[PDB]
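Enquirer: Each chain is listed here by its residues.
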Amino acid sequence: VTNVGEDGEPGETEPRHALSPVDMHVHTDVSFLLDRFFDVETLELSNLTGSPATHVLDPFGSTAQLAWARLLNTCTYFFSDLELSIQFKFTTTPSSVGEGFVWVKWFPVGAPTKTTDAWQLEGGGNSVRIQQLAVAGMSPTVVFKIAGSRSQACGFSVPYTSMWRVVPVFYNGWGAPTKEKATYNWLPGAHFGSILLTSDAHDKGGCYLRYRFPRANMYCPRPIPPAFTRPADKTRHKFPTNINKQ
Amino acid sequence: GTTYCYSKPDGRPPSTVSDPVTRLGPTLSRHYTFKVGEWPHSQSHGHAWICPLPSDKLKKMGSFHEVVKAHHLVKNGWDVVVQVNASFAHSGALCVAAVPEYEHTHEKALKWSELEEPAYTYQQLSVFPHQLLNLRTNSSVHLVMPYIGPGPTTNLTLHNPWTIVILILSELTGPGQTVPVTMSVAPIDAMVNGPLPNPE
Amino acid sequence: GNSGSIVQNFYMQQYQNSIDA
Amino acid sequence: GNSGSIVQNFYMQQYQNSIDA
Amino acid sequence: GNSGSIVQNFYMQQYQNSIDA
Amino acid sequence: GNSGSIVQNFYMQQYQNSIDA
Amino acid sequence: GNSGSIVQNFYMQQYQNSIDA
Amino acid sequence: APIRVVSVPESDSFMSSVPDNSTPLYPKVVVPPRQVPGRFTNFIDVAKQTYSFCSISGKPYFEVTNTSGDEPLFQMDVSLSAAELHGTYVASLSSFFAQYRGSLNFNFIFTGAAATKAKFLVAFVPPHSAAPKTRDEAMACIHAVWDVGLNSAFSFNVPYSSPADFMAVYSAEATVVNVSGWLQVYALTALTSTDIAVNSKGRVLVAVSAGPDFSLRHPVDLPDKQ
Amino acid sequence: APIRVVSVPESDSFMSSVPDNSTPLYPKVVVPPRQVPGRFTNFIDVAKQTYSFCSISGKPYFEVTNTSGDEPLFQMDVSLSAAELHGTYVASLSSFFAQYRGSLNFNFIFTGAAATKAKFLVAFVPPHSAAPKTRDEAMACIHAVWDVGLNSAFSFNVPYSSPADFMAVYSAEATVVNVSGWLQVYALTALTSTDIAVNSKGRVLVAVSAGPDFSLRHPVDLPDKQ
Amino acid sequence: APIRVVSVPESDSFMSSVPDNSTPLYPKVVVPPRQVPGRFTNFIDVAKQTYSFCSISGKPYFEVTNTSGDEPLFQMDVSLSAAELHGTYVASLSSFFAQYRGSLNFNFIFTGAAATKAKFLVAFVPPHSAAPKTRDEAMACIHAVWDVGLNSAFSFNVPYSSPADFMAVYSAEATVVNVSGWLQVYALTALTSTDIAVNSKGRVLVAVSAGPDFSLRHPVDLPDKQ
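Protein chains in written order, with the deposited numbering: chain A, 1 to 246; chain G, 31 to 230; chain H, 16 to 36; chain R, 16 to 36; chain Y, 16 to 36; chain V, 16 to 36; chain B, 16 to 36; chain S, 1 to 226; chain F, 1 to 226; chain P, 1 to 226.
In isolation and in its complexed conformation, chain A is listed as follows:
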């Protein structure tokens, strides 16, 4: 009704002159936001010996009070590639480790996983045994030493290996014919694969896993959960900040 300004008639609104651009919406770009390293997960090393289990790279159903957790939960289907940074931080005395090789093995979505120490290295009496699936071969094996290491880390890029054209972040159905409470929001292979960290350190320290998601694509936006509580009616939340009145 009437539309634009200053007569005050019913339905009439005053003039507004829209602002000019400046930032160009570059920062709200989906793939820009996800192409950075995020500290998601922290994990323990397995001993060289025994029958270790692989850790699945699935950052999807998180509750973590971190920016990547909510963000990954903003869409229904997701596709992206992956980059990893694995670091190693001592939890004991750094002089406990004189060599400290760490074998990292990455497995594509669908890879077989049973391993037991099976590859023997021999030298002057004593010997060392590594896992059947830690050896360098078909899938990537990375070996880094923690001892004098200036960064006690490694890192590499890996692609989207799932069989699904897109990863369902939410799934209204079951991933298996038997409909068990377990296979509910499920679907097999809705992830990035799995890794196996193995080392004579294992005690002595842990890791720090960071994910970077290059080439991200999101489908079907979903509601974004709050993050903070609701302040009192008619008030404003007040947070500590850079700006703030001294």
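Worth flagging that the hints you see were computed from the coordinates, not collected in a lab.
Careful: at least some of the hints might be erroneous.
What the hints assert, rightly or not - Calculated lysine-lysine pairs in the PhoX-like style (CA-CA distance at most 20 angstroms, straight line):
hint: 1; chain 1: G; residue 1: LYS87; chain 2: G; residue 2: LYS38
hint: 2; chain 1: F; residue 1: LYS201; chain 2: F; residue 2: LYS117
hint: 3; chain 1: P; residue 1: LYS201; chain 2: P; residue 2: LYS119
hint: 4; chain 1: G; residue 1: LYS90; chain 2: G; residue 2: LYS141
hint: 5; chain 1: A; residue 1: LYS145; chain 2: A; residue 2: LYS204
hint: 6; chain 1: G; residue 1: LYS89; chain 2: G; residue 2: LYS65
hint: 7; chain 1: G; residue 1: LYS141; chain 2: G; residue 2: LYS99
hint: 8; chain 1: F; residue 1: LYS119; chain 2: F; residue 2: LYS201
hint: 9; chain 1: G; residue 1: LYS87; chain 2: G; residue 2: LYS99
hint: 10; chain 1: F; residue 1: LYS119; chain 2: F; residue 2: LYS133
hint: 11; chain 1: A; residue 1: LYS181; chain 2: G; residue 2: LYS138
hint: 12; chain 1: S; residue 1: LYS119; chain 2: S; residue 2: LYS225
hint: 13; chain 1: S; residue 1: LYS133; chain 2: S; residue 2: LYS119
hint: 14; chain 1: G; residue 1: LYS99; chain 2: A; residue 2: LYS179
hint: 15; chain 1: A; residue 1: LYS114; chain 2: F; residue 2: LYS225
hint: 16; chain 1: A; residue 1: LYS234; chain 2: S; residue 2: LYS48
hint: 17; chain 1: A; residue 1: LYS238; chain 2: S; residue 2: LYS225
hint: 18; chain 1: A; residue 1: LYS179; chain 2: G; residue 2: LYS138
hint: 19; chain 1: G; residue 1: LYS138; chain 2: G; residue 2: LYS87
hint: 20; chain 1: G; residue 1: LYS87; chain 2: A; residue 2: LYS179
hint: 21; chain 1: A; residue 1: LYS179; chain 2: G; residue 2: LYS141
hint: 22; chain 1: P; residue 1: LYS117; chain 2: P; residue 2: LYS201
hint: 23; chain 1: G; residue 1: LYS138; chain 2: G; residue 2: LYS89
hint: 24; chain 1: G; residue 1: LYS141; chain 2: A; residue 2: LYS181
hint: 25; chain 1: A; residue 1: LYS234; chain 2: S; residue 2: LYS59
As the list claims (entries may be wrong) - Here are the computed distance ranges between Cβ atoms for each label pair:
hint: 26; chain 1: A; residue 1: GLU122; chain 2: F; residue 2: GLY87; range: 31 to 37 angstroms
hint: 27; chain 1: P; residue 1: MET15; chain 2: A; residue 2: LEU66; range: 34 to 40 angstroms
hint: 28; chain 1: A; residue 1: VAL4; chain 2: P; residue 2: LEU25; range: 23 to 29 angstroms
hint: 29; chain 1: B; residue 1: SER20; chain 2: A; residue 2: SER95; range: 38 to 44 angstroms
hint: 30; chain 1: A; residue 1: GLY123; chain 2: F; residue 2: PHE43; range: 33 to 39 angstroms
hint: 31; chain 1: G; residue 1: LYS138; chain 2: A; residue 2: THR116; range: 41 to 47 angstroms
hint: 32; chain 1: F; residue 1: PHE43; chain 2: B; residue 2: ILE34; range: 53 to 59 angstroms
hint: 33; chain 1: R; residue 1: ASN32; chain 2: F; residue 2: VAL5; range: 19 to 25 angstroms
hint: 34; chain 1: A; residue 1: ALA147; chain 2: G; residue 2: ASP40; range: 58 to 64 angstroms
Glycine is no exception: its CB is placed at the ideal position from the N, C-alpha and C atoms.
Starting from the structure of chain A, add chains G, H, R, Y, V, B, S, F and P where the hints point.
Expert: Chains G, H, R, Y, V, B, S, F and P alone, transformed into the frame defined by chain A:
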């Protein structure tokens, strides 16, 4: 007014089936009409009738039901019209949305039920394809949804991509009687795969 | 989005990332 | 002023600095 | 098969590999 | 006299040395 | 004979070796 | 032949957001065609093309009754940290960033019965000593008269007015880049009905969208919950 | 002149499959011409242009006798991990990879004498509660009628039907990407012979080939034997 | 394929003024348009287009009285370290550099009343045994006669005369590149007034500007205060 959810439906056959695909014509996948429930004065904002499509009502989808029942996979969209029967003295408003991969349902999986949505959800349900059903202006919502899912087709027994959420935003006030919520569902561009054995 | 080195293509486009069909 | 390497643009002008509107 | 760097030919084709006759 | 690398001009002529008027 | 890098001439021909008259 | 190289002091460090990729170890994977509808590339677009409902006292609406007048029915300070903007998409998306710029679009939807009618005055009050308490006070400001029964829905744009090019997403004790004023809604007339025993009150749903000039910059990490 | 360089943190690590070569230390070797027939460049080609025999109870065939009917003579679940696909080239090649896509071609060769005849019904049954027990049950599915004595050999293609673009090579407890159903062969009629004392049974050899659309991706390392 | 590289000995060192940038970690920030008047790009321009007042005994001027003659009213040695150049822009800007080149422009402004008059002789005396004590001595040098009452302001350029192309900003015990001589101002006549009881003295403000050929080179760090 018709709202298309994400896009218009297509009749393209699934990229991942090298076996014969049967296109169900309109006269085969017909249309079915249900009463969703009754909206009462006592129910409060946030309350929602959750209607995954179809899975608890597949058995009442006559023709479509018979064909789907005999095959393993199905790709298809839906044409739904949700209505409400209220007088011009009734106040209130719903938000009826079409949600892909809806979940909450505490594994009462694929059963039409009623729940209480959690605030940030009812506040933001409008972020999904939807239409508001204000009792002072209109009585219907019309949504048309394309096939959607992680793969080119699914097994409706284990997965219901689309689920219709009818949510109370403004409670029912006015004449004491309830307002019945009604819904017509018509499978669209249905394609069926791999015939199953005889039921002996 | 977020790759700004001239050396981002030190490895070919098919080795560095996945390829869409 | 004070950037004299041929490699000062190893990273694109939009990644290395800010951009005026 | 499996050599995707622009630098895979840092050494000439006759130094890096064998040559078929 | 005594500068024989192709990289002797990694830094511009005005940054690397002085300039005569 | 036995110099196969593209970088074998990182230093000029007169700096790297001797020159025949 | 070996190249003279000088190792920078920041050498073996991590730096999380480097504009460059890591080395690939599993090449040549061609990914299946991903048809799938509804892809979005920028969060600002879904913020602009979509609306959420506000949280007025925990409900997505304010009420008018047959007894109203003077006092404001809805009041919220213009800051993304405001309470009534709590459950919204725009407010929630904002917590990922440090600064915002632009307008917010609010649209009120009267859901009172067809036999019901009322008129509202909605005002945008700029920063001031203390917020008006009655409508005769606020009406000196930018305002619009909404007569329901002319249009059941009404859109109002809260403008961006500030000496700074961007304001803070995360508010705190009032600063010059913290708050931009208040949005208030008054009842120009109380609810009238065909029978006050049947319809005594009507609810106005209030929804927010990002305005056409709205923008967000500076992605930030989540601080301790509060 | 020395170039400013920054050492990445993953610096002195190994990474087994880097897309790059090591430094050469024994240059200029010209290799003799290698004429030699039968070079192959891709394993999928030899998998498609070649057939292997299945392992039905340890033998490469199933039998029909003059007493048969109803029950299935051959049954195998559609998974490369199936038992009857055990000694085959396609199954064995598969263990090097994580995922597969496409069809399998099976061809049955009746080796019963020329004085012998029988008819078979071969069906592809999709995933279901539990696999048919008689042919009248299975015949509702995709099936073909093989009358020996028309052609002594018969090819049947097990299709690829799944919501996923690839399925798993390494199966396990039934999942949606583990198994694709069952392949069954029934006797439409029992073996007839010119003299039942001389020929009482006939054997059908069953061979598998990779279908035209078959493919394998994701090379994987061998796990503990089982 | 890995490139043969040789690490220079000055390898992991700092070197504060390297002509190169560090690695960026927060890309793509478009900065708001900064209109704002009065941007300056080179300090020498503001030094040349601007004047400051000298510090003659703590005041920005020298005085002539009705009793003057002979002796110099103002005397300063030509060095940026001179006392009377103390509070000035040119002197203060100079402390950031090691060397200077060029002339200085001084302009005297007579602020005595309109009913007042006097004449000055301003001389530039080159380095010498010891500075003249009377004007008849200095008048042998480069000098100008300023008759107030002709022009109330007078500009005089102290030239650059030296065998070196630049001189030192930071002076010390007299060296050949430390000092360039003296600038003196004498009263050719004492102040005359319409009534000596009302106006007995008049003040000449003295201001300095960088000359057209003035320049500064070699940025230097601040030493201990003195």
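Enquirer: Return the numbers of the hints above that this structure violates; sort them in rising order.
Expert: 1, 12, 16 and 28
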